[PDB]
Amino acid sequence: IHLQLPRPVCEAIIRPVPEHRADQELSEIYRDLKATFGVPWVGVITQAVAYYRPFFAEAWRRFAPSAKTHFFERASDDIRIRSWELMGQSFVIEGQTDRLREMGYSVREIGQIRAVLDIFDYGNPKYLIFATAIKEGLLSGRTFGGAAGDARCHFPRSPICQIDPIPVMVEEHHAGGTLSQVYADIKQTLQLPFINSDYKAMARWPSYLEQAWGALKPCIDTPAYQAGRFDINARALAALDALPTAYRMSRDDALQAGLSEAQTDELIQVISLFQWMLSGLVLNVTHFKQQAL
Amino acid sequence: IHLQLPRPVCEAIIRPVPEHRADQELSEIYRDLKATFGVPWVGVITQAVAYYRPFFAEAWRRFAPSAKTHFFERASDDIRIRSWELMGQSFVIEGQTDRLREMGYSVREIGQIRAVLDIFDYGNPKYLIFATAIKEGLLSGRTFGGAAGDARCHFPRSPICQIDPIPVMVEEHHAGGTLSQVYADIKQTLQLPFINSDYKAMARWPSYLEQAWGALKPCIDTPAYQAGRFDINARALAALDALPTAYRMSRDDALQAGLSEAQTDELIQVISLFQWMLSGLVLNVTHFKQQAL
Amino acid sequence: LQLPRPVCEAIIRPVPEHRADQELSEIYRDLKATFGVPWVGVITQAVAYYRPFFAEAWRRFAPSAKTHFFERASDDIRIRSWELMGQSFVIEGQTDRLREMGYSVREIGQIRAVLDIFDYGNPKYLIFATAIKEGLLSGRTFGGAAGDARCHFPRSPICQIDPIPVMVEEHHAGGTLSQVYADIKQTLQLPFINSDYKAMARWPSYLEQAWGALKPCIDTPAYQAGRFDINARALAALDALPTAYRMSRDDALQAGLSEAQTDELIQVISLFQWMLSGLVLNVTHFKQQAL
Amino acid sequence: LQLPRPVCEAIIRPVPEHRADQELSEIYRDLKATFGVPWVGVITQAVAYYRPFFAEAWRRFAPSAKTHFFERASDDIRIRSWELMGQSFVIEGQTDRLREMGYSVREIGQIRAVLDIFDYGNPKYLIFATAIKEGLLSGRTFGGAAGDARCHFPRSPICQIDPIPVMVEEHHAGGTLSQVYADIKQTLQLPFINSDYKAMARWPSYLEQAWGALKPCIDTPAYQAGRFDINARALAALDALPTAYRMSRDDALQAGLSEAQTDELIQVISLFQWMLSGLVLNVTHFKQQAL
Numbered sequence: 008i009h010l011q012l013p014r015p016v017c018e019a020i021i022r023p024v025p026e027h028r029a030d031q032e033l034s035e036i037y038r039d040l041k042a043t044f045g046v047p048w049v050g051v052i053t054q055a056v057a058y059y060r061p062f063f064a065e066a067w068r069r070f071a072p073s074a075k076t077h078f079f080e081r082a083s084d085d086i087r088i089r090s091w092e093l094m095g096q097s098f099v100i101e102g103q104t105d106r107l108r109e110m111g112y113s114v115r116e117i118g119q120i121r122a123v124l125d126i127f128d129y130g131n132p133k134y135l136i137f138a139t140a141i142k143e144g145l146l147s148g149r150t151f152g153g154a155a156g157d158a159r160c161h162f163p164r165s166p167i168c169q170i171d172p173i174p175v176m177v178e179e180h181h182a183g184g185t186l187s188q189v190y191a192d193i194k195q196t197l198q199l200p201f202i203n204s205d206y207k208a209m210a211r212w213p214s215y216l217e218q219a220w221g222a223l224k225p226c227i228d229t230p231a232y233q234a235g236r237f238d239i240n241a242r243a244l245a246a247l248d249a250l251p252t253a254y255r256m257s258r259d260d261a262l263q264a265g266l267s268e269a270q271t272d273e274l275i276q277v278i279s280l281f282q283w284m285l286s287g288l289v290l291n292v293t294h295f296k297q298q299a300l
Numbered sequence: 008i009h010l011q012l013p014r015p016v017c018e019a020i021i022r023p024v025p026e027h028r029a030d031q032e033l034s035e036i037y038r039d040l041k042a043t044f045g046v047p048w049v050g051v052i053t054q055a056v057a058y059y060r061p062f063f064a065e066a067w068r069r070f071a072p073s074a075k076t077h078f079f080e081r082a083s084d085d086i087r088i089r090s091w092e093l094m095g096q097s098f099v100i101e102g103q104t105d106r107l108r109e110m111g112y113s114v115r116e117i118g119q120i121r122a123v124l125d126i127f128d129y130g131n132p133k134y135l136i137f138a139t140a141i142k143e144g145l146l147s148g149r150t151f152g153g154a155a156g157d158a159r160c161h162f163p164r165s166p167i168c169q170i171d172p173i174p175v176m177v178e179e180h181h182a183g184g185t186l187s188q189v190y191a192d193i194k195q196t197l198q199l200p201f202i203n204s205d206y207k208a209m210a211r212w213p214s215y216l217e218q219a220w221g222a223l224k225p226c227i228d229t230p231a232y233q234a235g236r237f238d239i240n241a242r243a244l245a246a247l248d249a250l251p252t253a254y255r256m257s258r259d260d261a262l263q264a265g266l267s268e269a270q271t272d273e274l275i276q277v278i279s280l281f282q283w284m285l286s287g288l289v290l291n292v293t294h295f296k297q298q299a300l
Numbered sequence: 010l011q012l013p014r015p016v017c018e019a020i021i022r023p024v025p026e027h028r029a030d031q032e033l034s035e036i037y038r039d040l041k042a043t044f045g046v047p048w049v050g051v052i053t054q055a056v057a058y059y060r061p062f063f064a065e066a067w068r069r070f071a072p073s074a075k076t077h078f079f080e081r082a083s084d085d086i087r088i089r090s091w092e093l094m095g096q097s098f099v100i101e102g103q104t105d106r107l108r109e110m111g112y113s114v115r116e117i118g119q120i121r122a123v124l125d126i127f128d129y130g131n132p133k134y135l136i137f138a139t140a141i142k143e144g145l146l147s148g149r150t151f152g153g154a155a156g157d158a159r160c161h162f163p164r165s166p167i168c169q170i171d172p173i174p175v176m177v178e179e180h181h182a183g184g185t186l187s188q189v190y191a192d193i194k195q196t197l198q199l200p201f202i203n204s205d206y207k208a209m210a211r212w213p214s215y216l217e218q219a220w221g222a223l224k225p226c227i228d229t230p231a232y233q234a235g236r237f238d239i240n241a242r243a244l245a246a247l248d249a250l251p252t253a254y255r256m257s258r259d260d261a262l263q264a265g266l267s268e269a270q271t272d273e274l275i276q277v278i279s280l281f282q283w284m285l286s287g288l289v290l291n292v293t294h295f296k297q298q299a300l
Numbered sequence: 010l011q012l013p014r015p016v017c018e019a020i021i022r023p024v025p026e027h028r029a030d031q032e033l034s035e036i037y038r039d040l041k042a043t044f045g046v047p048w049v050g051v052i053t054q055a056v057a058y059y060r061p062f063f064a065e066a067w068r069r070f071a072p073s074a075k076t077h078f079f080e081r082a083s084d085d086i087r088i089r090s091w092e093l094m095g096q097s098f099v100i101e102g103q104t105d106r107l108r109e110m111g112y113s114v115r116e117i118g119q120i121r122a123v124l125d126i127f128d129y130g131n132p133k134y135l136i137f138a139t140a141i142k143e144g145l146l147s148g149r150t151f152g153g154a155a156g157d158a159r160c161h162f163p164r165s166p167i168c169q170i171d172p173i174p175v176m177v178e179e180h181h182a183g184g185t186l187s188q189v190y191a192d193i194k195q196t197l198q199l200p201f202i203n204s205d206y207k208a209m210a211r212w213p214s215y216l217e218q219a220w221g222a223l224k225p226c227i228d229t230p231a232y233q234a235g236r237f238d239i240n241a242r243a244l245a246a247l248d249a250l251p252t253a254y255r256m257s258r259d260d261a262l263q264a265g266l267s268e269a270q271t272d273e274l275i276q277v278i279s280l281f282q283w284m285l286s287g288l289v290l291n292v293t294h295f296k297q298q299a300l
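Residue numbers (PDB author numbering), protein chains in the order written: chain A, 8 to 300; chain D, 8 to 300; chain B, 10 to 300; chain C, 10 to 300.
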């Protein structure tokens with residue numbers, strides 16, 4: 008009837024290691040991840056995988072060569088583009104700029120809000136593709152990519168990037184009552200046990216987040232949203248298949264790296280949920296950005 | 008029975024021009040103020056005076072030579088020191104670092120909170136002395152300072168400073184729900200129609216502000232707080248008398264700058280309230296800082 | 010295949026960012042923000058002397074600059090340059106030699122990051138320079154076709170616009186540094202020193218090294234062919250601008266320039282436009298050295 | 010009054026910030042954050058070679074460094090230097106000549122901000138160097154008296170620590186810059202180039218100018234006398250440290266150094282401690298030139 012991306016089962020407890028808690032050793036991997044993706048934040052996805060640290064270190068080591076490439080840059084960008092395309096076609100997204108002005112937001116402040124949205128509009132596809140690699144590698148045991156056709160695919164990615172500062176994020180333990188209820192609403196509506204970095208950064212401006220989320224919420228899990236989400240997911244799987252450097256990181260690789268059988272089961276649930284989440288997050292950020300046009 | 012600083016009458020509307028709204032010309036004055044004070048934010052006191060822009064520009068022009076001096080640095084610093092001294096002596100201020108940890112705050116986060124408190128602990132004395140200059144100059148029509156004394160008083164101040172970026176502040180139009188309630192509580196308790204930059208910056212961590220304000224609130228307008236406040240105000244007055252470069256900015260000077268009689272009356276009420284406010288703010292930040300030791 | 014240097018008797022008058030007044034600095038900021046780069050090119054500094062033309066040219070060009078199309082066409086020039094220099098030249102790695110000179114791993118990383126700025130940014134300036142020159146010379150209207158709707162989408166968001174890279178300006182320069190600059194000017198046939206070399210000059214012994222290895226490649230047959238190819242890419246980009254660009258001699262008059270000033274501008278932009286195809290190759294060479 | 014240069018056979022082995030490993034970098038960071046300065050002095054880079062001693066000495070000195078007393082005593086040294094150079098020399102302004110060389114208002118602003126960094130921080134390094142040296146030479150316990158309780162209060166909090174100043178390192182330098190560096194070494198009797206001159210060297214023509222104006226003042230009678238005075242202030246600051254500092258030869262042994270390594274350290278710190286009184290005067294001179 009319409010394409011619907013099924014949410015996986017996750018009973019595993021999720022234990023993200025935030026940047027402000029990461030020890031020196033973890034922080035160096037975090038630094039490399041941000042420098043390579045060219046983003047100023049470590050994804051909650053990668054924070055959660057990092058709990059299984061030796062797996063995280065090895066999976067990053069193996070994925071990183073592909074992430075440095077022209078191919079990966081383009082594949083990520085094309086997902087941003089597809090999202091923009093879908094949401095523009097399927098939804099009448101009224102602009103919120105006048106409404107924000109009426110609330111008292113100045114031109115500069117709205118500019119700052121846009122800039123925060125741009126960070127995630129750029130970065131999230133990269134996280135989506137990485138999460139997809141981690142999940143599919145664990146589930147299938149397959150070796151992905153490394154076909155090396157067009158030589159330009161292996162060229163270095165477009166070199167510029169913003170890696171500082173970490174965006175201002177209102178963590179759950181920072182948050183007061185009213186903000187906690189918006190977080191609760193987002194969690195329930197999106198079927199997640201965590202608050203994404205994106206929403207926490209928007210929450211630097213609580214009345215903006217309330218507005219932006221309130222306009223998005225009715226679109227969630229409409230047929231068009233759901234079909235679009237499925238499409239974004241398919242794009243991410245297609246990118247995994249075309250990685251310029253082969254990626255393999257199976258259960259046995261996880262065991263080799265020092266995970267137990269039980270941790271590996273747990274990790275599979277954790278990454279599956281994050282991977283599913285990420286196609287939705289891409290569409291959501293696109294919606295926010297188009298609202299603020 | 009004990010020294011207490013009378014709150015002036017202000018029925019005039021306060022119209023601060025925030026840094027995110029200031030036009031090009033005002034922003035240049037704002038930049039010079041920050042560079043000269045050595046602080047990363049424009050005070051709400053100076054924002055409110057800036058509404059009367061030709062007065063603000065001429066008053067800053069006349070005060071700036073003094074603010075650049077070794078004297079001003081030392082006099083401001085001595086007010087910080089006096090405040091530290093008074094609050095230490097008069098109150099049993101229990102450390103809140105353990106509670107913050109229990110609430111989920113990391114070592115790095117608590118460090119960031121302290122850094123924010125330091126900005127205001129350093130800068131507020133300077134704003135206090137300036138507001139005192141503006142108020143007394145208008146009320147008295149007197150010429151303050153300019154005495155030949157110790158040549159070293161005219162030397163450049165301690166040269167290092169911190170002027171970027173503007174602290175993250177949760178503006179009233181940013182706030183939602185419970186933060187506005189905390190803001191309401193602060194306004195009513197401190198008898199102010201506005202929220203200070205200091206509390207808007209603490210509000211970056213709403214649960215921290217709630218704790219810090221809760222611990223401070225019972226101290227407000229105890230005899231010891233009030234007597235301390237009076238002493239801080241007295242130091243401010245003494246500093247004005249010893250400015251190394253003479254400052255005069257009377258009603259007549261205000262009229263010559265292009266203010267109307269009615270604007271000058273309004274400005275007098277406005278500055279009087281801020282001047283009064285600032286002795287209290289200094290004690291409050293000291294309290295926060297000692298809590299967070 | 011060969012790009013002949015144009016004739017330029019006109020004096021070039023860059024307005025550096027550290028001298029630009031408030032109004033001009035606002036246009037400079039917008040340029041940087043849109044291109045997503047931390048520096049104002051000497052190309053745009055020189056055109057800024059003709060301020061009413063500069064402001065209107067930017068006004069007309071900026072809508073295209075903000076697009077996916079522009080991001081991709083600029084990126085494809087960088088890719089092509091990488092491809093050409095890789096195939097056409099044996100470019101020996103210089104990292105070992107840098108280390109032997111006392112450069113640490115972190116310093117070499119810093120040097121690479123400076124190179125990446127220009128590697129990214131120069132194609133954008135090249136296309137803009139091409140737009141200005143051909144607009145003036147031909148009076149034609151370039152681009153503006155609907156075509157693929159995605160071409161008009163906003164470009165890939167993220168950018169680095171601060172700080173301005175540390176540049177050793179000519180009046181900063183001492184004796185031997187002035188001599189490297191003179192050599193560069195002579196060899197490249199330019200009356201000015203590019204931002205690229207000035208930034209490299211923050212590490213004088215590094216600049217000498219890198220320029221040293223590049224210099225014998227300049228104006229070899231393969232370099233010239235490569236340069237011709239890069240120029241052709243810039244012209245193709247201009248023909249496919251998603252938003253129409255027209256800015257003729259007559260438009261220059263309407264913007265506030267006199268006829269004589271327009272004629273001078275034409276000489277100035279022609280020199281810079283020619284220069285930029287070569288700068289792209291040169292930075293690509295530096296970058297491959299530093300691999 | 011005169012201040013003799015100590016004998017120093019020892020090789021000085023600074024560990025620069027761009028080479029420091031993770032462990033040392035954390036001490037460097039705490040040093041900068043406590044002093045409130047954006048660079049790690051060469052004094053501390055050299056002592057860092059004796060890392061077990063450096064870590065313990067800093068551990069012992071840091072509680073004093075954090076205080077109101079230390080902020081004031083350091084500041085009073087800056088003031089005294091300002092005072093002395095003002096009285097003892099006719100220092101001609103150089104802003105006009107810099108402008109005439111092509112420096113803009115903003116560039117001269119940037120130059121002044123760099124000088125301010127060292128004007129602020131060098132007295133702190135001087136006092137620390139004096140503590141290390143005298144601790145080792147005398148074996149005494151310095152300070153630790155209660156006295157005025159305000160002396161133990163935390164220092165004026167605000168600080169600029171964030172970007173390391175751009176410094177043209179000796180291996181960055183080529184040609185004529187290496188000559189100016191050699192002149193500085195010979196004139197000041199040092200085997201190294203201070204962070205302050207390396208930062209001024211970001212503008213090579215400015216450094217030549219500023220050094221050229223200072224040089225005839227070096228080791229005149231009024232300069233030597235002022236230097237002696239600055240040294241004596243540092244010694245007084247040490248005697249009044251709010252928290253006791255003891256770090257003897259025996260402490261050096263307990264910290265992990267051998268006896269021979271301690272003998273060498275004593276030579277190294279003695280040379281730096283002597284250098285620092287001179288550096289304070291020099292930066293004061295630069296700063297008054299640039300008014």
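Hint data in this document are derived by calculation from the structure and do not stem from the laboratory. Hints are not guaranteed to be accurate.
Said to hold, decoys possible - Here are the computed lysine-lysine pairs in the DSBU-like style, where the Cα-Cα straight-line distance is at most 30 Å:
1. C:75 x D:75
2. B:194 x A:75
3. D:194 x D:224
4. B:224 x B:194
Going through the hints against the structure:
1. The hinted pair formed by residue 75 of chain C and residue 75 of chain D meets the criterion: a straight-line CA distance of about 25 Å does not exceed 30 Å.
2. A threshold of 30 Å between alpha carbons decides the hint, and for residue 194 of chain B with residue 75 of chain A the separation of about 35 Å lies outside it, so the pair is violated.
3. Of the pairs offered as hints, the one joining residue 194 of chain D and residue 224 of chain D holds, with about 12 Å between alpha carbons and a cut-off of 30 Å not exceeded.
4. With a C-alpha separation of about 11 Å, the suggested pair residue 224 of chain B and residue 194 of chain B falls inside the 30 Å cut-off, and the hint holds.
Figure legend: structure checked against the earlier numbered hints; the only hint not met is number 2.
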